[PDB]
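Trainee: Listed below are the residues making up each chain.
Number of protein chains: 4
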Amino acid sequence: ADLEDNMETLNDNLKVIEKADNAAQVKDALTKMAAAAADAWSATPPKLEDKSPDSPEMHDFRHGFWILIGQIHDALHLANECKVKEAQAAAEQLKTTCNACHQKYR
Amino acid sequence: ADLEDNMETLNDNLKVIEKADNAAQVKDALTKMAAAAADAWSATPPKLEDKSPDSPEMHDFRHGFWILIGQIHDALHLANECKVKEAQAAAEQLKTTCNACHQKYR
Amino acid sequence: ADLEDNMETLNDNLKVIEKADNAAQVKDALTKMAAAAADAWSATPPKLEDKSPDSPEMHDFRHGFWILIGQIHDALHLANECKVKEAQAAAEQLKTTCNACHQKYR
Amino acid sequence: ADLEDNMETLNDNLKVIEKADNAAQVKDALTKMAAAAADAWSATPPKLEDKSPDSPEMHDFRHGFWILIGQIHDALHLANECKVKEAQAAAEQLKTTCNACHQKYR
Ligand code: HEM
Ligand code: HEM
Ligand code: HEM
Ligand code: HEM
Ligand SMILES: *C1=CC(=O)N(CCCCN2C(=O)C=C(*)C2=O)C1=O
Ligand SMILES: *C1=CC(=O)N(CCCCN2C(=O)C=C(*)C2=O)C1=O
Ligand SMILES: [Zn+2]
Ligand SMILES: [Zn+2]
Ligand SMILES: [Zn+2]
Ligand SMILES: [Zn+2]
Numbered sequence: 001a002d003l004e005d006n007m008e009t010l011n012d013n014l015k016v017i018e019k020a021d022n023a024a025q026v027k028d029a030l031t032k033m034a035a036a037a038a039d040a041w042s043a044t045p046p047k048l049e050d051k052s053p054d055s056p057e058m059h060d061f062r063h064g065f066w067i068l069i070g071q072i073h074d075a076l077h078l079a080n081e082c083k084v085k086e087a088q089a090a091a092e093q094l095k096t097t098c099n100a101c102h103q104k105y106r
Numbered sequence: 001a002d003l004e005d006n007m008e009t010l011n012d013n014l015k016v017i018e019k020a021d022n023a024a025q026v027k028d029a030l031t032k033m034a035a036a037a038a039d040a041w042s043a044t045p046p047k048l049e050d051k052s053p054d055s056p057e058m059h060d061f062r063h064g065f066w067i068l069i070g071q072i073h074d075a076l077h078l079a080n081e082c083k084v085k086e087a088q089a090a091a092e093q094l095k096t097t098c099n100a101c102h103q104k105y106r
Numbered sequence: 001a002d003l004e005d006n007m008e009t010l011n012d013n014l015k016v017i018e019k020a021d022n023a024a025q026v027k028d029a030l031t032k033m034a035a036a037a038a039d040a041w042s043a044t045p046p047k048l049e050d051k052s053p054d055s056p057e058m059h060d061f062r063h064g065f066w067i068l069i070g071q072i073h074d075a076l077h078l079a080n081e082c083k084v085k086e087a088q089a090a091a092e093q094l095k096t097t098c099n100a101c102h103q104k105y106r
Numbered sequence: 001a002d003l004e005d006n007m008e009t010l011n012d013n014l015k016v017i018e019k020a021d022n023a024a025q026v027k028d029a030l031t032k033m034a035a036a037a038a039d040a041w042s043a044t045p046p047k048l049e050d051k052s053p054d055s056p057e058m059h060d061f062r063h064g065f066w067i068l069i070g071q072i073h074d075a076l077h078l079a080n081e082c083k084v085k086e087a088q089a090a091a092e093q094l095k096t097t098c099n100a101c102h103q104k105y106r
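Protein chains in written order, with the deposited numbering: chain B, 1 to 106; chain C, 1 to 106; chain A, 1 to 106; chain D, 1 to 106.
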């Protein structure tokens, strides 16, 4: 999937989680988020088109995905344990990682 | 790329790290490994081909890559700090993750 | 040290980081936060003094420290890399973790 | 507690995790190991007393506890999801981290 589509998948599923009634819905969403974040790994964002892959900027760009992936991984544990409110909080909190990357690279 | 080729990227780059003389070499190899781990995320392994994308087995299989990716993330920081020896040890330590997945799923 | 004293140390050093114009000062402050956060691990806050040490509340309280500890760990690598602004932003970001625990447990 | 006593707690609990019959027994042991590893954070090992608190050795020593704490955290989630063989597997894998530290500093 292209970068924009993975980003839409991340946005859609954060909202699903916010509004979720049960653990299954939160798990399903976090699962789709993980897959989207992992597929985005390799993408070159428009603002860095003129920079190579091994470029310093691209390393720092990709670093935000390691952070996101890790927060997704741990939130899915909280959902697996039926700790719905807790998993919803972890999801709300990882917005800071979304925002930081957008602020610098969108 | 396919799962086999991602494994070859992981294997190859690990020996590069093993034998490397400087930080830049280790950084480049970890970067390639991180892309290959992320790309592997959604692969279905030959031995789980009778299991569904949402099944305990496929969740456990992907969990192994969350762990791998985490370890590669940290190892790159060590490489970035030019802590080459400490980076090669992390790369050695994460081989436990490679092998753990293999024993269960290869 | 007690929990209040660890909280003062976390806060005081977060302010040092915000004010800092160099990596050395951010590193040192992140190091002291790490120590304060690990020392707070086993504290029982007043609002949970009526709860079992194995309660879901107490497990969730300690989980907030795990999150904080890992955010400090990553920010410190950023600081070791002389990514002064990126380390400051990470420190800014982990305030969400401080805020979340406080709102539930203080 | 002092470094030696926390190391006893780490070692005793590992062996309890080995032999455990149920998830409750693994959860409880891992909880105890988390606390022991967090309490050990600050400790100056005998082999490094003559080093500065901000020497590379001490930074590296503390780093190993970050790695250990994150691994205990993840295993505890597996134990809480009743994935007892997977939590036992994760626990017995900790020894990669235990051994690496002992090799350099014990
Ligand atoms: C975190 C979970 C997260 C969300 C949510 C998110 C959403 C998001 C949207 C809705 C867009 C707009 C899509 C569009 O083009 O209309 C968007 C765009 C970009 N993002 Fe994002 N994003 C989240 C996380 C992250 C992270 C962690 C990074 C960088 C590491 C990142 C980056 C970007 C970039 C670049 C774009 C613009 C891409 C484009 O338009 O082609 N996001 N995101
Ligand atoms: C860790 C860094 C890592 C390495 C290195 C590695 C290597 C590796 C090789 C060389 C192969 C054989 C490829 C072939 O075509 O014969 C192989 C195969 C598989 N692996 Fe692997 N592998 C590493 C990590 C991991 C992890 C973390 C997992 C699971 C989460 C995993 C899984 C597998 C599977 C399944 C195979 C078989 C694939 C096939 O036959 O098509 N590996 N790996
Ligand atoms: C994150 C870096 C963080 C900061 C900063 C912080 C600050 C802070 C202050 C300044 C206080 C007031 C202490 C006082 O009485 O003088 C305070 C108090 C509490 N905190 Fe805190 N705090 C941060 C993080 C966290 C986290 C992550 C948790 C829980 C996981 C947490 C908890 C608490 C609690 C409980 C108190 C009240 C203590 C008491 O009144 O006895 N904090 N924090
Ligand atoms: C990880 C799970 C882990 C285990 C288990 C473990 C065990 C252990 C023992 C049994 C000892 C000696 C016991 C005694 O009573 O003297 C011991 C001692 C030391 N350790 Fe350890 N240890 C584990 C992990 C770690 C980690 C991650 C580190 C460093 C980051 C570490 C370090 C040390 C040191 C230093 C000692 C010697 C203590 C002394 O001589 O005073 N260990 N550990
Ligand atoms: C998902 C979350 C949840 O709480 N449940 C109920 C069954 C889980 C039962 N338990 C334990 O109490 C400990 C492990 C375990 O699996 C879900 O299905
Ligand atoms: C890569 C690793 C390394 O040590 N060096 C040498 C320059 C170090 C520059 N520094 C600091 O000393 C502290 C932060 C920082 O960026 C590399 O180029
Ligand atoms: Zn967690
Ligand atoms: Zn690290
Ligand atoms: Zn990082
Ligand atoms: Zn996990």
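The set of hints was computed from the structure by calculation and includes no laboratory data. Hints should not be assumed to be uniformly reliable.
Simulated pairs of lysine-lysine, DSS-like, Cα-Cα distance not exceeding 25 Å [stated by the list, open to error]:
1. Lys51/D <-> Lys32/A
2. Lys51/A <-> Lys32/D
3. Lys47/A <-> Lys51/B
4. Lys104/A <-> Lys51/D
5. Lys85/C <-> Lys15/C
6. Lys15/C <-> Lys104/D
7. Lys85/A <-> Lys15/B
Chain C is nowhere near these chain A residues, computed Cβ spacing over 12 Å in every case [what the hints assert, rightly or not]:
8. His59
9. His73
10. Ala89
Which chain D residues stay away from chain A? Per the calculated CB distances, all over 12 Å, these [claimed, not checked]:
11. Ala37
12. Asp39
13. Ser42
14. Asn99
15. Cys101
16. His102
17. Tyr105
Note that the Cβ used here is the ideal one computed from N, Cα and C, for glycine as well.
Trainee: For a quick check of understanding: which of the numbered hints are violated here, in increasing order?
Mentor: Hints 3, 4, 7, 9, 11, 12 and 13 contradicted; others consistent.
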